[PDB]
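First, one chain by itself in structure tokens, the form deposited in one PDB entry.
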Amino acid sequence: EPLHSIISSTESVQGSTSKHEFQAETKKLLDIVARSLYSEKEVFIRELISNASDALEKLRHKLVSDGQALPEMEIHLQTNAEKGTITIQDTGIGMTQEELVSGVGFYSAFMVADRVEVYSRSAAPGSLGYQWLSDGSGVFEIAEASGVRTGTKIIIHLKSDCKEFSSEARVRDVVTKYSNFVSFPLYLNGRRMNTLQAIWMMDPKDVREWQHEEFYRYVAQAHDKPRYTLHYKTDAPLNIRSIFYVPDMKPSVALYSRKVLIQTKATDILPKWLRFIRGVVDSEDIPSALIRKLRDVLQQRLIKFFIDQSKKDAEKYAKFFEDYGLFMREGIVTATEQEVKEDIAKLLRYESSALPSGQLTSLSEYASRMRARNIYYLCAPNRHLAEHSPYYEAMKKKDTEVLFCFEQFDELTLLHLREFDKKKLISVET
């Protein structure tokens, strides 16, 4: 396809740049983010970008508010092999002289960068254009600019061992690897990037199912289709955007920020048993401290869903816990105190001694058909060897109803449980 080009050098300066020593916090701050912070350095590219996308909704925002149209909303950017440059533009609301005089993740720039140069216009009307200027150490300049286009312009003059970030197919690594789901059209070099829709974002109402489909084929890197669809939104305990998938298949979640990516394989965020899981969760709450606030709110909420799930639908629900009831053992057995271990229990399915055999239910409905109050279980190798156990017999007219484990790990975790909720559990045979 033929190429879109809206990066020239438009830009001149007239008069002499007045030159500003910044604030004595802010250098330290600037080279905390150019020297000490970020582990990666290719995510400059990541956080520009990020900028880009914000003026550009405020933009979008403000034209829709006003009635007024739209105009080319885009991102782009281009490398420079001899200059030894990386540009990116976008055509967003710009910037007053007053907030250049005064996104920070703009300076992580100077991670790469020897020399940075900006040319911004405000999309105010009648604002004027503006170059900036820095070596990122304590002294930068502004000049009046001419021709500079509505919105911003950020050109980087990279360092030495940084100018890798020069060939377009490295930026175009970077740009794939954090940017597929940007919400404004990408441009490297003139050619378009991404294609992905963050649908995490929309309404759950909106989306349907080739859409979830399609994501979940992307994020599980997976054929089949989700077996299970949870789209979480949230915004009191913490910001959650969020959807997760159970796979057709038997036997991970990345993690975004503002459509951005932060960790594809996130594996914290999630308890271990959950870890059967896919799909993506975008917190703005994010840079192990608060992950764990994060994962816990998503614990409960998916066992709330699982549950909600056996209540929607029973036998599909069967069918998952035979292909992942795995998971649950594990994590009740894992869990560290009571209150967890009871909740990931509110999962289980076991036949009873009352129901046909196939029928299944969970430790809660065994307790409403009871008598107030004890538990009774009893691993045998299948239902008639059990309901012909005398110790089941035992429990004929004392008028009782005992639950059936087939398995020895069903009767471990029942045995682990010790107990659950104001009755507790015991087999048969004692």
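Think of the rigid core as the biggest set of C-alphas that the two forms share within 1.5 Å after superposition. Numbering follows the first chain given and starts at 1. First, how it differs from the form deposited in another entry.
- Relative to the superposed core, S389 shifts its CA atom by 2 Å or more between the two forms.
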Second form
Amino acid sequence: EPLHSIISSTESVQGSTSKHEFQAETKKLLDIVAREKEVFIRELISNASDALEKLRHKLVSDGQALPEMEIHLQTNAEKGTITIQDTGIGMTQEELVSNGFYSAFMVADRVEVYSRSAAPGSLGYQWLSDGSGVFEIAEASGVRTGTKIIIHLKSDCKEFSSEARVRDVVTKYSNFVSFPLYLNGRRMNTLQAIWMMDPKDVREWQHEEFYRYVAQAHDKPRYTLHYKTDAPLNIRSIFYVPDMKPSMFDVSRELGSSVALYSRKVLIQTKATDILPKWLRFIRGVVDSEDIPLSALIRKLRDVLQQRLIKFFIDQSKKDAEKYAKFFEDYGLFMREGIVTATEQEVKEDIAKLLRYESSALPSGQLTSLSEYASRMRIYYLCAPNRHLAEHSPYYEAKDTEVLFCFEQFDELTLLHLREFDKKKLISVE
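Just the form deposited in one PDB entry so far, so send over the form deposited in another entry.
Next comes a single chain, given without company.
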């Protein structure tokens, strides 16, 4: 039996507990906090992961051996309890007094905590609170290094004492936790949050495996962007462009982005809706940012990613012009839609930087960007069925001025919405 559990009633308190008042703010908080509810598992697992990370980081800095670093969850139906224990850095009495965590009171009639700091010669402490105006602290024996939280669920939340209900919660939210997580002695997590890895270390087989998981697809990604940054915000993200052509569902999908939102390897909202501009909904991948509450002021992240993705495609066109040509053929509609739907001029020009057209100066079949046309001028366009019809259209013959050639009616409406590029106005020949 490969059952591995570490949770047991080893703690004991010798003397009585001292009673403490909750700060003015905290007391108000515990009431608002206790008004869905299942997210507390997410919060507690994330807290345990942080605790384990601090200890592991400290032990490596001191070149000391690493102990068992695990997160364990236990459910007890007879006692109506849910317990989470980690073998992390723990807490001292000072940190325990000051003491995310209070999300436990969403479902708890009373909370019971045992913690022992990893520092040598530390003591175990017991922390008790019913979510009222008083909590209790006392020295405890038999407290394992790390932290143990025992939640006595109120009758309205007894479901969280069932292994089936908790297992569904853990799998949905905490699938990518970086430390081994156990539920009633059974290992749960096996997926790797590859977006946290060093971009140059991720192997092609990992990107393909992850793309198929996030996109629920069976093809491969033709483009992969591993974007990590901390200057504006904290961003750990990977974006994939499917190898397939866009599907009728992709072009007509409403209120979806096909991008997962994460915070510290913990899920925030699967199929995040407003993480990317709607015209980038054909993108698959994940966005991880610790600067997320847990739904108004996210736009700053959306604009940063739009610019980064637009830069990525501009670079892709320069690295391989032929691969980008078919990408434009397959996904150009999204870019024209993004311009038609844009409201500010600077975004329209940025997206338009991705658009490709044919030119009278270049041979049939060769593409050119609006910037390359602007570079060579000493912006005029003509929309016609095809190239030969364009050269023979009366509008074109009428000074060694080069003219861009569009073929679709959306191209014209796109250029019509994009009045100007780089302060050069767009004027149709005919």
